[PDB]
Amino acid sequence: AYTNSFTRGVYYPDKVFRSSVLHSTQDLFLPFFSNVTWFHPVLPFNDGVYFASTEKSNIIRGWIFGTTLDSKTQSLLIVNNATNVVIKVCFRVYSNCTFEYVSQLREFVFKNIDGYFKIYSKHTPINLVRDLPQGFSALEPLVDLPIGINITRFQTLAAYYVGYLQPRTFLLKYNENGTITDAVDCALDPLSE
Amino acid sequence: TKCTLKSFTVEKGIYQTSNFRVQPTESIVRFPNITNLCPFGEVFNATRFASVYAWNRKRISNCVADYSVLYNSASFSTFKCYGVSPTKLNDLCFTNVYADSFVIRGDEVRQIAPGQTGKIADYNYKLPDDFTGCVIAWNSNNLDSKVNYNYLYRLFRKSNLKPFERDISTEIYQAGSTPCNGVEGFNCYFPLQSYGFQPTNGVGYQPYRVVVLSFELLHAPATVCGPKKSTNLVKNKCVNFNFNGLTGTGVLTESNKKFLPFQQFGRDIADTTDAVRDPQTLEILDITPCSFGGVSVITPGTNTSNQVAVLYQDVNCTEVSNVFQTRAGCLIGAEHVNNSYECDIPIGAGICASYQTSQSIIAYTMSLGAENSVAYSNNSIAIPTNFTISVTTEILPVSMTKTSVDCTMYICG
Amino acid sequence: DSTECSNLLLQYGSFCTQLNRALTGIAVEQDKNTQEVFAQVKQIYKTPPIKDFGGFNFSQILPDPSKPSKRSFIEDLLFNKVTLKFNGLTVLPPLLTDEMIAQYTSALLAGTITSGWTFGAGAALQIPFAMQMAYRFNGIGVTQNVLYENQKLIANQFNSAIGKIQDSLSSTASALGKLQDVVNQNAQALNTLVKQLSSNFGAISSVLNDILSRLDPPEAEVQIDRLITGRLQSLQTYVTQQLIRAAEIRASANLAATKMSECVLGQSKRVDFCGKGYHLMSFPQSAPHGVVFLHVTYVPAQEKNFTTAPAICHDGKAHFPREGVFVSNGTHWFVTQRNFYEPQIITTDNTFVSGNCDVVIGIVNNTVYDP
Amino acid sequence: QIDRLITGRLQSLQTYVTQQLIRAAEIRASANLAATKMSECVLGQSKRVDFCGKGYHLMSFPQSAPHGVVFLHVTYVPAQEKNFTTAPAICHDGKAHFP
Amino acid sequence: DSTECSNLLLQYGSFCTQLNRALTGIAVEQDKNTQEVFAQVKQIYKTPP
Ligand SMILES: *[C@@]1(O)O[C@H](CO)[C@]2(O[C@@]3(O[C@H](CO)[C@@]4(O[C@]5(O[C@H](CO)[C@@H](O)[C@]6(O[C@@]7(O[C@H](CO)[C@@H](O)[C@H](O)[C@@H]7O)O6)[C@@H]5O)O4)[C@H](O)[C@H]3NC(C)=O)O2)[C@H](O)[C@H]1NC(C)=O
Ligand SMILES: *[C@@]1(O)O[C@H](CO)[C@]2(O[C@@]3(O[C@H](CO)[C@@]4(O[C@]5(O[C@H](CO)[C@@H](O)[C@]6(O[C@@]7(O[C@H](CO)[C@@H](O)[C@H](O)[C@@H]7O)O6)[C@@H]5O)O4)[C@H](O)[C@H]3NC(C)=O)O2)[C@H](O)[C@H]1NC(C)=O
Ligand SMILES: CC(=O)N[C@@H]1[C@@H](O)[C@H](O[C@]2(O)O[C@H](CO)[C@]3(O[C@@]4(O[C@H](CO)[C@@H](O)[C@H](O)[C@@H]4O)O3)[C@H](O)[C@H]2NC(C)=O)[C@@H](CO)O[C@H]1O
Ligand SMILES: CC(=O)N[C@H]1[C@H](O)O[C@H](CO)[C@]2(O[C@@]3(O[C@H](CO)[C@]4(O[C@@]5(O[C@H](CO)[C@@H](O)[C@H](O)[C@@H]5O)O4)[C@H](O)[C@H]3NC(C)=O)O2)[C@@H]1O
Ligand SMILES: *[C@@]1(O)O[C@H](CO)[C@]2(O[C@@]3(O[C@H](CO)[C@@H](O)[C@H](O)[C@H]3NC(C)=O)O2)[C@H](O)[C@H]1NC(C)=O
Ligand SMILES: CC(=O)N[C@H]1[C@H](O)O[C@H](CO)[C@]2(O[C@@]3(O[C@H](CO)[C@@H](O)[C@H](O)[C@H]3NC(C)=O)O2)[C@@H]1O
Ligand SMILES: CC(=O)N[C@H]1[C@H](O)O[C@H](CO)[C@]2(O[C@@]3(O[C@H](CO)[C@@H](O)[C@H](O)[C@H]3NC(C)=O)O2)[C@@H]1O
Ligand SMILES: CC(=O)N[C@H]1[C@H](O)O[C@H](CO)[C@]2(O[C@@]3(O[C@H](CO)[C@@H](O)[C@H](O)[C@H]3NC(C)=O)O2)[C@@H]1O
Ligand SMILES: CC(=O)N[C@H]1[C@H](O)O[C@H](CO)[C@]2(O[C@@]3(O[C@H](CO)[C@@H](O)[C@H](O)[C@H]3NC(C)=O)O2)[C@@H]1O
Ligand SMILES: CC(=O)N[C@H]1[C@H](O)O[C@H](CO)[C@]2(O[C@@]3(O[C@H](CO)[C@@H](O)[C@H](O)[C@H]3NC(C)=O)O2)[C@@H]1O
Ligand SMILES: CC(=O)N[C@H]1[C@H](O)O[C@H](CO)[C@]2(O[C@@]3(O[C@H](CO)[C@@H](O)[C@H](O)[C@H]3NC(C)=O)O2)[C@@H]1O
Ligand SMILES: *[C@@]1(O)O[C@H](CO)[C@@H](O)[C@H](O)[C@H]1NC(C)=O
Ligand SMILES: *[C@@]1(O)O[C@H](CO)[C@@H](O)[C@H](O)[C@H]1NC(C)=O
Ligand SMILES: CC(=O)N[C@@H]1[C@@H](O)[C@H](O)[C@@H](CO)O[C@H]1O
Ligand SMILES: CC(=O)N[C@@H]1[C@@H](O)[C@H](O)[C@@H](CO)O[C@H]1O
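Residue numbers (the deposited numbering), protein chains in the order written: chain A, 27 to 66, 82 to 131, 157 to 161, 165 to 173, 189 to 241, 263 to 298; chain B, 299 to 445, 448 to 620, 640 to 676, 689 to 744; chain C, 745 to 828, 854 to 1140; chain D, 992 to 1090; chain E, 745 to 793.
Hints were generated in silico from the structure; no laboratory data involved.
Mixed in with the good hints, there may be bad ones.
[What the hints assert, rightly or not] Simulated crosslink set (DSS-like; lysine-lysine; CA at most 30 Å straight-line):
hint	chain 1	residue 1	chain 2	residue 2
1	C	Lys811	C	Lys795
2	A	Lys206	A	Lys113
3	C	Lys964	C	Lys811
4	C	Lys854	B	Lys535
5	C	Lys825	B	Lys557
6	B	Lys558	A	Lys202
7	D	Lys1045	C	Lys776
8	B	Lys558	A	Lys41
9	B	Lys310	C	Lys786
10	D	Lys1038	C	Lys790
Please model the entire structure based on the sequences and the hints provided.
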């Protein structure tokens, strides 16, 4: 049950600030109008992944990342919880602890670069259900942990879109504040080219 | 100017003799608050330690280690580091840090070193030959000797321990041919003994608490780094600064531009750092390249006089006879006049300088020309009644010297 | 500001004194260009207090005291039309301030309005603007009575034509294409020159402090040398681009100086040099990086077909027109100036006599009235 | 070592010849202007104003200079102006007379 | 058309872009030259038969 990924799905590349300037960035992005595999399970992690989920009753919980998830090698086990979000390298779902971290539409972008896990999230006042409307938003609230393994599983525990990032350059327009108001995809179309 | 012109006589004009850049003073460094620190306290001041046969290992990760607390302390008997300088790793990072703590006695501290043999080195705790780390020990007679702790060590083992190996098995050691049945007997011994830590023992027989820090530095991510010194900031003074690893020289000032809560430092255009937020106080500053510009003299010609008027281009001269600000820079050594004459030496921004009487260099706003209002009227005409014929000279270059350069003879010869 | 790099650069030689010399050369050339184009007036000419230039209206192009910049309305419009200190790059201010250039153009404009072309030749000699326009019509071939009989109409045409320029400038975008292109080219050159610093140039890292910090001086010397040669190459490229573009702009500035002389200061007979049509006069306006000329030209319209003859054969001799052309409306022959149809009775006074009838081909019999 | 020297000396020769080309283009512009002056101001009388001296051009003479040419422009400059009242036409017998 | 060379060339910077821009400027200037010289007539004129 695929559905085109629209304009939405772009994140802030780096920490820097840019005011009223156009910039070109070369790293993993989610392609414009790329049919993401809406799930209504099992999901691979060939590369960085855009995860977008809508829950009226917030059924979905944290993501159980794992390279093998056979208890042979360390997992990542992002979970979330009313009081706090807990993530451990090590409740109902189970399967040499290295590191544990505890801290505080729903755009989510997860990627692993040179062993560093990065998370980008956004909250939107959605008004139309069962479709992600083409629009623009991004942020970088993240947690970095030096795992150094290639995660290949999601096993998210009431439907979520999932798309795969690809290494294609983008041109991001910057607002006066420094936020990314808009972007265009270089190889999407000759006009955008 | 005589130097840069390669002459002892320079003609009337303005020559860019050099360049002038304000030099920075009192360079500053800043790094965010050291809120998270490494748990060396719970390792060194641990109320109870561990027997050497079951030595405790603490993995140090995801923290900033201030090793100065360790070597500035005056309460250690031995601080032997191998292949690493403890005074030089407060600006260094490690891919892995281990902390091993246990208890032995005096004459056995010398065994906690690479290439040693003995009861402790062979059956309890072994260090590798290429050990990189520190061996820290101190007398613990006041803590581990009463007249109620029970410290043990291993007596026998069928083979020597590999480096950083830990054997806690309490199986009966079989010394002879006959096999023990999990029980002590002939040629069968329990492998652990207790230390006889009596307060009246000799120094070499009293207990010593030992901590063994070991380091690893591969081409891999690291999480254990030491602290970073930081100092106060300045304003409106050309300074070399270090902000979160970004080095630059400029004048820091208050900036009206607002970053976003995640943006650290900003670039206005052409990948040039123009703003930066300090990590301590979370405040944005604008960076301006501290004043620099060409210095050019104004001279009426040597044979006329030896006076000169210096012009520091585009420098608001609050800093280095009469100092006159002009829209083309600062003028030092030239009197400013109110009347205006025809332009002699072009300074810039509608200002020219000239040598005139006593016998001084004056700068003035050049006069475009004389002012007359020809008397217009709807019935008035001005008819010439005479004439002058005039020959004037128009000079035009038409040719150059036909130079020819032998490429090979010039390049090689 | 790296000392070891300073030494490695020093050993290359006199490349940088040479680059600085080239850049300062084009810098002073720019001031020479502006001064040559605009400073063609000996003495700045004030315009008279009351403007009664024979019905012509110059309020738009004449300076307004109310404005602080003291520049004309169209000059301010042109300034608004265009949209115009990092690491070692400095922009020197032009010698003539924008206000001084506005004053130059105001002087030239007042001189050409009040005194015609006399002020360019020498002392400014004033003629009523109507009579000067009559001079200029004589210049383009039309007799002077044509202006006086039609002075109000010509004034209205000139006023409305000036009015059209304001609409064209204010509304139509990219009117000042060439000047904006100059600004964009210079910004492009400086921007790419600054961008070259980030380029690696084959060394381990672009930032020089880092390459210094984490290598020994003997090894770091090689990487620093690669950085230096790359940056020096980029700077040399920028300098040569500036030299060529400065040559092109010098050609354009010489053309502007020639047009200022030959068209503002005097009327020119070079067809299509200043506008389309027979040239009457031209006014200079100061744009940000250039000059804008308003060319007032005379273009004929509403032509009429006529039957013409080379000469009139009367009483056995051929009469040729002195300055006109014989034209027939079907039954009568007249002499008219070529540029304006104003018929007159053929007379001996306005037709000179040479030869006899038979030689010239195409002539028509008629009577030449004798006064 | 000879490679370094070759590269440096080649770069210097290249920048020299490029600057020579540009200077030659400037001199060619100047020489074309001088030819235009010698043709329109010496071989004839020129009406285009301030092309040859300040004032109405009478004639001009050339003189040879080391690397150029020096024109002596003979021009007529009106002087000693007098005021007069003026009028475009003259009414006589009900007819307008223009000069 | 070698990727190994192209990746090394990327380090040098905007040299190829600058050269392409200069050449395309010369190209459009040539059309401007021909247009300026020959397109002086508003409307094509035919000689009478
Ligand atoms: C035309 O418009 O302009 C020319 C300008 O060249 C004008 O010719 C000038 O006329 C002057 C008046 O006569 C002339 O000055 C005198 O010349 C005689 C020599 O003939 C000389 O002896 C004279 O000086 C004496 O008188 C003066 C004044 O009183 C005094 O200060 C001396 O100390 C001395 O006692 O000197 C005068 O210099 O002046 C000029 O020589 C003469 N110029 C030339 C080139 O010939 O010509 C025209 O007269 C004039 N035409 C009209 C109609 O106005
Ligand atoms: C122009 O406006 O006026 C002149 C002046 O009259 C006009 O020239 C005329 O051209 C006629 C045509 O050639 C000319 O008629 C003939 O001339 C010859 C030469 O002498 C003469 O022998 C000719 O008569 C004979 O032929 C006619 C028939 O053509 C016949 O009827 C006679 O009875 C006789 O047999 O005689 C003609 O006279 O005609 C005129 O002589 C000649 N006039 C003069 C004074 O030379 O020149 C132009 O034709 C006239 N052009 C226009 C457009 O109106
Ligand atoms: C000022 C003046 O009156 N000038 C006229 C001039 O207009 C006229 O020449 C035309 O003016 O030229 C056109 C060519 O476009 C011509 O018209 C033709 O008409 C036929 C049909 O009638 C079409 O099939 C052709 O394609 C062409 O358009 O028109 C014709 O010669 C003139 N048009 C007119 C008079 O409307 C010439 C004619 O000798 O006379 C000048 O005095
Ligand atoms: C530091 C800074 O300038 N931040 C800007 C941010 O980056 O972008 C936003 C949107 O472009 C910008 O927000 C608006 O700024 C203007 C001027 O600062 C603001 O105008 C005032 O608003 C206050 C109340 O907020 C009024 O009392 C006052 O009279 C002005 O009208 O105008 C405007 O309200 C801001 N928009 C908001 C807050 O939604 O935001 C911001 O400056
Ligand atoms: C200079 O030519 O013109 C100045 C015009 O501002 C002059 O400066 C003023 O002088 C008067 C009288 O001394 C003061 O009352 C004003 O405050 C002062 N104004 C300013 C802005 O300085 O300045 C100046 O005196 C005058 N100098 C000479 C030598 O004529
Ligand atoms: C209902 C609730 O609070 N559930 C758990 C919550 O989601 O997470 C925290 C994790 O921090 C949980 O509390 C922890 O429980 C273990 C087990 O006793 C303790 O060791 C931790 O100290 C404790 N942590 C905190 C922050 O309370 O609590 C909750 O049980
Ligand atoms: C990110 C962070 O923790 N910043 C704090 C830094 O680590 O410590 C200083 C020291 O107190 C901290 O500075 C205080 O900041 C608050 C914020 O409004 C001010 O109200 C305090 O006055 C200020 N105190 C001092 C001593 O600077 O600074 C940083 O917030
Ligand atoms: C040919 C011509 O237009 N002559 C007018 C001259 O150019 O200006 C004067 C101005 O005084 C003009 O004469 C009259 O002067 C009175 C003075 O109060 C004005 O009110 C009149 O408007 C003005 N007449 C005209 C037609 O403007 O004299 C000359 O007529
Ligand atoms: C003598 C005369 O009328 N000169 C006019 C001049 O030629 O043009 C300007 C610009 O239109 C003119 O000034 C404007 O006149 C109208 C009257 O129709 C006023 O409503 C305007 O306010 C006035 N100014 C502007 C800027 O339009 O001025 C002169 O009157
Ligand atoms: C075909 C035609 O009408 N041709 C006219 C020609 O073009 O001009 C002359 C001169 O004006 C014209 O002849 C005159 O016309 C006026 C018209 O107002 C009459 O009043 C005259 O009587 C008449 N004849 C003369 C002046 O001798 O002729 C032609 O009609
Ligand atoms: C050549 C000549 O004498 N020109 C004068 C001209 O004929 O008349 C005007 C007006 O009378 C004249 O201009 C004024 O001359 C007096 C005396 O030289 C000056 O004081 C005035 O400033 C001057 N300008 C005026 C009155 O506007 O002009 C010519 O000199
Ligand atoms: C020159 O300026 O000074 C000389 C004396 O030192 C003098 O001989 C010479 O004439 C002067 N030059 C000029 C042009 O006046
Ligand atoms: C000058 O540059 O600095 C002074 C203090 O920093 C200030 O008062 C003065 O206005 C400045 N002047 C100019 C021309 O910048
Ligand atoms: C069998 C195994 O993988 N053991 C690992 C060890 O290699 C690693 O150095 C250490 C880091 O904390 O964690 C242990 O679980
Ligand atoms: C004695 C005391 O109160 N605290 C000690 C401290 O002195 C020592 O520097 C630190 C080493 O990490 O260990 C703590 O337990």
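For each hint, the structure was consulted:
{"no.": "1", "hint": "C/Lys811 <-> C/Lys795", "verdict": "holds (18 Å)"}
{"no.": "2", "hint": "A/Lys206 <-> A/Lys113", "verdict": "violated (34 Å)"}
{"no.": "3", "hint": "C/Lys964 <-> C/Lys811", "verdict": "violated (40 Å)"}
{"no.": "4", "hint": "C/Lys854 <-> B/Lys535", "verdict": "holds (19 Å)"}
{"no.": "5", "hint": "C/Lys825 <-> B/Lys557", "verdict": "holds (28 Å)"}
{"no.": "6", "hint": "B/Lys558 <-> A/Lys202", "verdict": "holds (25 Å)"}
{"no.": "7", "hint": "D/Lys1045 <-> C/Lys776", "verdict": "holds (20 Å)"}
{"no.": "8", "hint": "B/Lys558 <-> A/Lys41", "verdict": "holds (15 Å)"}
{"no.": "9", "hint": "B/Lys310 <-> C/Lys786", "verdict": "holds (24 Å)"}
{"no.": "10", "hint": "D/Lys1038 <-> C/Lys790", "verdict": "holds (28 Å)"}
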